[PDB]
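Asks: Make a model of the complete structure from these sequences and hints.
2 protein chains.
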Amino acid sequence: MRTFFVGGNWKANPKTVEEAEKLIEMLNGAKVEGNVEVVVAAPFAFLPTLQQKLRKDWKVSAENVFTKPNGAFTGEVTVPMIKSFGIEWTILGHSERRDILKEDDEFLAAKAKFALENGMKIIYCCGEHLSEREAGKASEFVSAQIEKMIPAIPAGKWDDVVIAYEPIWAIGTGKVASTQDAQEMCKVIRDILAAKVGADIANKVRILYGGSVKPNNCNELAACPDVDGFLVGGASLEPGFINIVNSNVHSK
Amino acid sequence: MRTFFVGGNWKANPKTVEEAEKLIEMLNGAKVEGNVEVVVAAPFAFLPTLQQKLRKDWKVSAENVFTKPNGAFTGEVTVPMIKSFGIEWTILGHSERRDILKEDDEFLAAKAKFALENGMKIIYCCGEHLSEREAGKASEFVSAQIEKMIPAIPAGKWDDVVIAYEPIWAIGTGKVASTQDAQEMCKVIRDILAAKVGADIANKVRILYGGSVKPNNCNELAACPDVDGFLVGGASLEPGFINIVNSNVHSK
Ligand code: NA
Ligand code: NA
Ligand code: NA
Ligand code: NA
Ligand code: NA
Ligand code: NA
Numbered sequence: 001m002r003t004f005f006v007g008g009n010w011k012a013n014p015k016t017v018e019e020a021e022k023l024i025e026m027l028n029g030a031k032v033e034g035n036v037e038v039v040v041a042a043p044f045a046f047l048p049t050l051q052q053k054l055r056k057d058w059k060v061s062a063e064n065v066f067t068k069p070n071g072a073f074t075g076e077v078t079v080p081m082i083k084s085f086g087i088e089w090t091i092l093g094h095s096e097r098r099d100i101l102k103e104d105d106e107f108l109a110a111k112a113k114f115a116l117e118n119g120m121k122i123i124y125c126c127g128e129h130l131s132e133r134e135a136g137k138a139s140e141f142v143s144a145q146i147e148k149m150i151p152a153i154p155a156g157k158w159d160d161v162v163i164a165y166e167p168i169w170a171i172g173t174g175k176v177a178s179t180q181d182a183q184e185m186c187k188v189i190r191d192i193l194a195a196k197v198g199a200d201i202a203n204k205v206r207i208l209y210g211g212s213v214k215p216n217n218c219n220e221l222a223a224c225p226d227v228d229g230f231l232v233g234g235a236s237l238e239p240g241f242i243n244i245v246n247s248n249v250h251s252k
Numbered sequence: 001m002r003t004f005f006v007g008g009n010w011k012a013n014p015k016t017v018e019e020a021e022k023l024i025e026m027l028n029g030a031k032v033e034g035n036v037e038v039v040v041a042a043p044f045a046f047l048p049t050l051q052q053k054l055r056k057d058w059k060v061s062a063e064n065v066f067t068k069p070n071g072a073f074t075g076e077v078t079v080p081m082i083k084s085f086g087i088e089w090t091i092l093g094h095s096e097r098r099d100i101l102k103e104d105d106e107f108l109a110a111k112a113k114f115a116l117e118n119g120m121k122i123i124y125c126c127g128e129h130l131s132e133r134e135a136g137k138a139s140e141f142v143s144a145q146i147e148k149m150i151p152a153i154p155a156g157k158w159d160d161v162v163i164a165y166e167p168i169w170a171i172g173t174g175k176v177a178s179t180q181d182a183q184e185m186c187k188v189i190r191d192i193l194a195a196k197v198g199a200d201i202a203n204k205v206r207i208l209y210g211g212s213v214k215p216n217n218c219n220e221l222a223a224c225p226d227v228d229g230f231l232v233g234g235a236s237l238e239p240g241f242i243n244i245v246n247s248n249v250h251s252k
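Protein chains in written order, with the entry's author numbering: chain A, 1 to 252; chain A', 1 to 252. A prime marks a further copy of an entry chain.
Bear in mind the hints are in silico, worked out from the structure with no lab data behind them. Heads up, a few of these hints could be off.
[Said to hold, decoys possible] Keeping only pairs whose Cα atoms sit at most 16 Å apart, straight-line, the calculated EDC-like set for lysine to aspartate or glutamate is: (1) A':252 x A':37; (2) A':59 x A':25; (3) A':196 x A':140; (4) A':204 x A':37; (5) A:53 x A:18; (6) A:102 x A':104; (7) A:196 x A:147; (8) A':204 x A':191; (9) A':204 x A':159; (10) A:187 x A:134; (11) A':252 x A':25; (12) A:83 x A':19; (13) A':102 x A:226; (14) A:148 x A:104; (15) A':83 x A:18; (16) A:102 x A':220; (17) A:83 x A':191; (18) A:204 x A:191; (19) A:157 x A:104; (20) A':102 x A:104; (21) A':53 x A':19; (22) A':83 x A:19; (23) A:59 x A:37; (24) A':187 x A':140.
Replies: The following block contains the structure:
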């Protein structure tokens with residue numbers, strides 16, 4: 001059985017380092033049940049304090065990295081800088097970066113390859129927008145994203161890759177995703193992997209649900225067979241985050 | 001006389017926090033001559049250690065910020081997060097962000113307004129590319145950029161604005177900028193300000209040269225009448241940075 005995986009994506013929150021520290025202290029007191037791999041992703045400026053203060057059985061993640069080790073890239077943070085603090089993870093391809101900062105698949109594949117070849121682990125995000133959902137072309141769209149990601153992954157590095165599905169069609173559109181939607185799309189992804197890189201890799205890669213996950217749905221979601229965990233949004237800043245970590249006991 | 005201003009833009013360097021600390025210790029031992037306002041800008045992940053360790057007569061700067069205080073903006077760092085560490089400055093509109101990360105003038109004006117209204121000081125960058133230089137349309141291009149910036153600046157906030165001119169046409173093009181180029185464009189900018197917001201503001205705003213500045217040209221550049229200082233690239237990571245800070249004694 002793949003180890004259940006929960007990443008808390010703080011996104012661009014909280015506003016202050018003091019709030020970040022308060023949040024860390026709460027996470028540090030949380031009683032985790034079952035077996036689960038927990039990763040906490042935070043704004044670059046809070047990464048040193050999170051790496052310093054966060055419980056050592058959890059790991060810290062960046063929310064992005066650039067494509068190069070260093071250089072003439074004002075404003076960008078790079079893998080070596082992250083690693084210098086002992087941080088081992090980054091998110092890549094989040095819908096907010098693809099949409100608002102205009103990150104394209106070519107840029108993202110270059111980041112996945114560079115990250116992995118430099119010893120990072122990645123949470124690689126994908127997912128379709130409203131029109132493709134309506135057209136019944138979700139699988140196709142998600143497939144093309146995964147097919148762009150596949151060639152990026154170096155030999156021997158699938159152990160260091162986690163994929164998160166984001167129902168972007170359910171974000172601010174007036175439409176909501178169901179538990180079955182999550183299961184269907186995670187299965188879609190696993191089957192793409194199986195066809196393209198083989199069953200052994202498909203069976204080991206954790207595929208996460210990255211839509212709205214809260215204490216009131218995490219248990220039903222976790223129980224879905226192809227849902228291996230979550231990339232949590234707003235609840236990662238709240239006490240309910242622990243409920244979501246602990247939903248691993250409902251997944252088999 | 002406006003106070004001479006030198007910002008050291010580390011860009012996406014160095015690779016490691018240990019190197020950042022070594023660099024800070026060197027800057028901390030530097031003997032500054034004359035009167036000069038020095039600002040050091042570094043990757044978000046190194047900002048806490050720079051704010052902690054850097055000499056207190058200099059100020060720390062971010063190399064970018066987003067347009068909002070916080071929220072669903074995975075990967076982005078915001079003004080409140082910066083300010084929570086006591087950091088008072090950010091760069092905005094650097095050529096590398098405009099070009100590689102596709103930041104447009106509307107995005108940049110929104111960042112200048114938000115930054116300033118939240119108590120930040122900004123180093124706002126502008127400058128033309130090769131074709132406009134060749135066409136003799138540099139003033140026009142730079143004017144439009146400044147005209148997009150002007151409406152962003154809140155009432156009472158020009159004391160918190162510094163402008164840097166970047167000869168992007170001289171970056172990786174096979175062409176080099178002269179000392180006279182720098183003086184001519186800084187004068188161009190001052191005169192735009194005078195016409196658009198008045199002589200009192202034009203006479204107080206520091207306008208920096210942001211092309212290649214090194215120990216072998218900083219003194220001649222500084223002496224130019226409309227050059228009020230520098231936004232330094234690669235030399236800000238080198239001992240020569242102090243020579244450049246100290247060139248203020250040649251500016252009147
Ligand atoms: Na279909
Ligand atoms: Na491996
Ligand atoms: Na499951
Ligand atoms: Na002309
Ligand atoms: Na003021
Ligand atoms: Na001068």
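Asks: Run every hint past the structure and note whether it holds.
Replies: The hints, checked one at a time:
1. A':252 x A':37: holds, 15 Å
2. A':59 x A':25: holds, 15 Å
3. A':196 x A':140: holds, 14 Å
4. A':204 x A':37: holds, 14 Å
5. A:53 x A:18: holds, 12 Å
6. A:102 x A':104: Holds, at about 12 Å.
7. A:196 x A:147: The given pair, whose Cα atoms are some 8 Å apart, holds under the 16 Å limit.
8. A':204 x A':191: holds, 12 Å
9. A':204 x A':159: holds, 8 Å
10. A:187 x A:134: violated, 19 Å
11. A':252 x A':25: violated, 30 Å
12. A:83 x A':19: Since the Cα atoms of residue 83 of chain A and residue 19 of chain A' sit roughly 13 Å apart, the hinted pair holds (cutoff 16 Å).
13. A':102 x A:226: violated, 37 Å
14. A:148 x A:104: Holds - the C-alpha atoms of residue 104 of chain A and residue 148 of chain A are around 10 Å apart, at most 16 Å.
15. A':83 x A:18: Holds. Residue 83 of chain A' to residue 18 of chain A sits at ~11 Å (cutoff 16 Å).
16. A:102 x A':220: Answer violated: residue 102 of chain A to residue 220 of chain A' is near 41 Å, above 16 Å.
17. A:83 x A':191: Answer violated: residue 83 of chain A to residue 191 of chain A' is near 47 Å, above 16 Å.
18. A:204 x A:191: Since the Cα atoms of residue 204 of chain A and residue 191 of chain A sit roughly 12 Å apart, the hinted pair holds (cutoff 16 Å).
19. A:157 x A:104: violated, 22 Å
20. A':102 x A:104: holds, 12 Å
21. A':53 x A':19: With a Cα-Cα distance of about 13 Å, the restraint between residue 53 of chain A' and residue 19 of chain A' holds, given a limit of 16 Å.
22. A':83 x A:19: holds, 13 Å
23. A:59 x A:37: With Cα atoms ~8 Å apart, residue 59 of chain A and residue 37 of chain A stay inside 16 Å; holds.
24. A':187 x A':140: holds, 13 Å
Of the numbered hints stated above, those contradicted by the structure are hints 10, 11, 13, 16, 17 and 19, listed in ascending order.
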